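K.L.:
Spelled out, the chains give:
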Amino acid sequence: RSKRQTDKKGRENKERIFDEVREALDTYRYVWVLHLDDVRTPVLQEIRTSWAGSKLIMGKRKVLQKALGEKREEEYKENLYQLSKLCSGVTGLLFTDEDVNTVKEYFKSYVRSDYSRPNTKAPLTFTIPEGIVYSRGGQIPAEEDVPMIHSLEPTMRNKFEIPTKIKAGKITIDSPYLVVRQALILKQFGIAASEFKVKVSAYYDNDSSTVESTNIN
Amino acid sequence: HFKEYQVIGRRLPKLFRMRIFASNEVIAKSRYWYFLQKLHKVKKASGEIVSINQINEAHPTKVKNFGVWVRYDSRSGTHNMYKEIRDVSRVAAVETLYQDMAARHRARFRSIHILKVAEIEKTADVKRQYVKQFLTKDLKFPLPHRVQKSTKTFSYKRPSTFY
Amino acid sequence: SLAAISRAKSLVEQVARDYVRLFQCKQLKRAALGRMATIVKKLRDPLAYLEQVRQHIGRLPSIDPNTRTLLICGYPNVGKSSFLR
Amino acid sequence: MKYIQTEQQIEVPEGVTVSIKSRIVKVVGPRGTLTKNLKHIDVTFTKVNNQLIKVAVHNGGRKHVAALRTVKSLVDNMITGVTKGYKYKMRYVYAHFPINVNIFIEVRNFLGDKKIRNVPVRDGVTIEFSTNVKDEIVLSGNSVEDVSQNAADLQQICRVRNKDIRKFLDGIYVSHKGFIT
Amino acid sequence: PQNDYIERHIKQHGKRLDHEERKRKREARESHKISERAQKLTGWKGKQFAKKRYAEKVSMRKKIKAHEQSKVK
RNA sequence: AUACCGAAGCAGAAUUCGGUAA
RNA sequence: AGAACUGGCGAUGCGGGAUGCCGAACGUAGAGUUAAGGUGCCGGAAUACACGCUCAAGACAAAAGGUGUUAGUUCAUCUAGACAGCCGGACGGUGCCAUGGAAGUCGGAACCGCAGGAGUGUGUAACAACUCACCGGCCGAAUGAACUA
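Protein sequences appear in the order of chains A, B, C, D and E.
In case it helps, UniProt numbering puts the first sequence at residues 3 to 6, 14 to 188, 197 to 234.
In case it helps, UniProt numbering puts the second sequence at residues 3 to 14, 22 to 172.
In case it helps, UniProt numbering puts the third sequence at residues 94 to 114, 122 to 185.
In case it helps, UniProt numbering puts the fourth sequence at residues 1 to 103, 111 to 188.
The opening position of the fifth sequence corresponds to residue 2 in UniProt numbering, with each subsequent residue numbered one higher.
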């Protein structure tokens, strides 16, 4: 007493990822450990469509640890414990057959626009005009920009904390306000001035088990 | 103050055996006869009690986390219940269970069946928090609001409840 | 809906006229409610429609036919919106 | 469950020092001092290293555990107020009757009403009409309870007189909450 | 008087600044009002409340069963 | 017996409903 | 609403239940132990011990509800990260009738490519934006649903 179209995946999904990782450990010719800065479904699908010989396997980090071995004394193959320990942050684990020279170039040459992240300052000192606000931001060319919707002001005054106010159905501010609220403000305006460039660490081989640790973005 | 007795019967064979807790041998025999009907089809005149002997605790000087399985006949049928009790002897452990049942479920000696009692020698085996809390390392706690039985009708010092 | 409401009122009057016309006496009153509920509850849909139309008809403007009036017609939002303003 | 023992910990910044006797709070810090009586809760305090005070309850229950946790919450609120300091902001708007707020807090010409509304200033709370910002008032104070009570009284004593709740937008609302630091 | 006069004014000036927070808090209080009322209302009030609560429980169970059906197929 | 609260597409006037109360 | 029957009065004291079933059936007296019923005062007797309960009770209504309080049963999660809570992903083909706008979210009729409904709500003429259910960084072990009392 006195307590607060899909179903829970359960242990079956975790075992599925475990089995997939165990099979891909030797199915593919080469392996990489990734530390992608952010997760973005359009970007994570562009990475897949950009090549056919390489595939990105994603799952629970601890589930990958079980498949690769949480201890070196129980690793199924040489340097598998190091491979399991290397992965961190976003659970990005890439499988590829192309040589290291071809694979490494994509990470450096590939970059896409993305929003900011918590604990990071805004990439630019964007400021809303000191007047009637607009959907795109106002400071951007006003010819294309359009006045904001009337019903969204309460969210701005609370979620974003900006001193917006509705006047005759249009939101207006009396001062030129500047930009997790730091990322949220940019996200709302669509100012994706930041960029995402998936970074990788140690290139891995399924037979030599080479640990070619690096930090190319 | 209950007492543990071992009672066996064979209807004058298989020599059915069970443990009975009662204040005296007379009550133990009656409880054994009553349980005989539930276990199988036997009557008092069928045979005789082969042997009845009181069982004393092997060493009433050790604290044991007794695990007890007890079945009781509630107002709406009988249900199987299991509990763990921290005590020093089986005789005291069963009495504490009886008192707890009478306090809450209001089940008494008439409608309580004792199935099995066994000690627990390993931690984390007791799944009841009220006993699990006492299985930690040597702990300390106070006894606030202590009182004293003032025999004298009058007091002049305004007694304090400090301990 | 109006016909249904009139029929409900007529049935209520019929029920009242029917009654106008310990253990045993206890059951006398039950039938009145038991049949009034049957008569009334079935009118929820007409009542729902009546309530729906009430809100829309309670805010009609003053479209007076007698007073001199002017109207504007054409393709929507060809500058017409600001003309009346 | 009837927990035999239960206790919590309070974080004490180096800027503030505290001493508790007979369930009496004595929070002292850069922004002044605060006190509160918690005798009716019957909780016990215990120092450990002059930087963390244990609040413990023995042989308590859910009813007593609630009070024990509320004690920690109140202590944390008092520490935050004495250190950072709270700043309650309130904005007021008027559809067609300016609210000539004036000083003690006074409100005039609300919805054209001739009656004058006012709320006395409480202890530990200051009033500072917002500068440059139009029709805004900024409140501050070390005691969260007093500032919040003053804001609630100001928002409640000035309300529409049982008219349409949507057409009449005039009133006073808590626009933003923050800290002095 | 217009067809959407109240809606027009709401869109032109927005809802009450504290309507959302007050509404959320009002629903939060109503969450406990369900238990608060059932332990005090007497006579006809309690008689109606018990029946309404039973109907809501039955309706909630039927809704849950229907939701489960939509997942099977 | 009169009024005090919350709700209604209650713009105002005006009206109805759940509680207090005779 | 009559009824075939077995214990008890009529002729029945006394103690107890404020007063009208339990105990016990009767000479006048002294001494000791009890039945029923009691041990805060009226009221002669322990504001006795021990286990828990209860905030308004306590010395025909039980059909049902309580985010009132305290215990056990079934299933589920298991440091491959229990539950609460923050941030992100929440995509693709894409959809037809209403044609006036309807693109998950006013109303017709029910896929899947790779942790994600052709969609639980908010909301816009509709996109827009947030979202829960589903997962991920996340936290460090009890926990969610119904029952027995």
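Treat the hints with care, as some may be off.
To be verified - Distance windows between CB atoms, simulated:
1) E:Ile35 - A:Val48: 38 to 48 Å
2) A:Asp35 - B:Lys136: 36 to 46 Å
3) A:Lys204 - B:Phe143: 50 to 60 Å
4) E:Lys48 - C:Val140: 19 to 29 Å
5) C:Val140 - D:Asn102: 56 to 66 Å
6) A:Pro156 - C:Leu104: 56 to 66 Å
7) D:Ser137 - E:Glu21: 39 to 49 Å
8) A:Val48 - D:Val93: 35 to 45 Å
9) A:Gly19 - B:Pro151: 26 to 36 Å
10) E:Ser60 - B:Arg155: 47 to 57 Å
Stated by the list, open to error - Taking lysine-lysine pairs in the BS3-like style, the calculated list, with each CA pair at most 27 Å apart, reads:
11) A:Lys17 - A:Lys86
12) C:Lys126 - E:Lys53
13) A:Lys5 - E:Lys24
14) E:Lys46 - E:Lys34
15) A:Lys69 - A:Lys94
16) D:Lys87 - A:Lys130
17) B:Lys166 - A:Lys5
18) D:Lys87 - E:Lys34
19) C:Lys129 - C:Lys141
20) E:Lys52 - C:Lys126
21) D:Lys84 - B:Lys146
22) E:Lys12 - D:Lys184
23) C:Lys142 - E:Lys34
24) B:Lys166 - B:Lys71
25) D:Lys87 - E:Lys12
26) E:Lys26 - D:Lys63
27) B:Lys73 - D:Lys184
28) E:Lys16 - A:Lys18
29) E:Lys66 - C:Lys129
30) E:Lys16 - C:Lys142
31) A:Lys216 - A:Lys204
Claimed, not checked - Pulled from the structure, derived: some chain E residues nowhere near chain A, Cβ distances all over 10 Å:
32) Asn4
33) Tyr6
34) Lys16
35) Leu18
36) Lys48
37) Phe50
38) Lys52
39) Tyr55
40) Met61
Derived from the structure by calculation, the hints contain no laboratory data.
No residue lacks a Cβ here, since even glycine has one placed at the ideal position from N, Cα and C.
K.L.:
Can the suggested window of 35 to 45 Å be confirmed for the beta-carbon pair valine 48 of chain A and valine 93 of chain D?
P.N.:
holds (42 Å)
K.L.:
Please confirm whether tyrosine 55 of chain E is truly not at the interface, meaning its C-beta sits more than 10 Å away from all C-beta atoms of chain A.
P.N.:
holds (19 Å)
K.L.:
So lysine 16 of chain E supposedly isn't at the interface. Is its beta-carbon more than 10 Å from every beta-carbon in chain A?
P.N.:
Violated, since 7 Å does not exceed 10 Å.
K.L.:
Verify that the Cβ of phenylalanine 50 of chain E lies farther than 10 Å from every Cβ atom of chain A, and report whether the claim holds or is violated.
P.N.:
holds (19 Å)
K.L.:
Verify the proposed pairing of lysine 166 of chain B with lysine 71 of chain B, using a straight-line Cα cut of 27 Å.
P.N.:
violated (42 Å)
K.L.:
Would you say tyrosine 6 of chain E is clear of chain A, with no C-beta pair closer than or equal to 10 Å?
P.N.:
The assertion about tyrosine 6 of chain E holds, with a minimum of 14 Å to chain A.
K.L.:
Starting from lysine 216 of chain A, check that the Cα of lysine 204 of chain A is at most 27 Å away, please.
P.N.:
OK: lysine 216 of chain A and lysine 204 of chain A at ~23 Å, within 27 Å.
K.L.:
Regarding the pair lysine 46 of chain E and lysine 34 of chain E, is the alpha-carbon distance no greater than 27 Å?
P.N.:
holds (14 Å)
K.L.:
Would you say the C-beta atoms of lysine 48 of chain E and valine 140 of chain C sit inside 19 to 29 Å of each other?
P.N.:
holds (20 Å)
K.L.:
Hey, does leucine 18 of chain E actually stay past 10 Å from chain A on C-beta?
P.N.:
violated (8 Å)
K.L.:
For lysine 66 of chain E and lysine 129 of chain C, compute the direct alpha-carbon distance and say whether it is at most 27 Å.
P.N.:
Violated - the C-alpha atoms of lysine 129 of chain C and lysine 66 of chain E are around 39 Å apart, more than 27 Å.
K.L.:
Check whether the Cα positions of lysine 73 of chain B and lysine 184 of chain D lie no farther apart than 27 Å.
P.N.:
violated (57 Å)
Hint compliance for this structure: hints 7, 9, 11, 17, 18, 21, 23, 24, 25, 27, 28, 29, 30, 34 and 35 are not met, and every other hint is.
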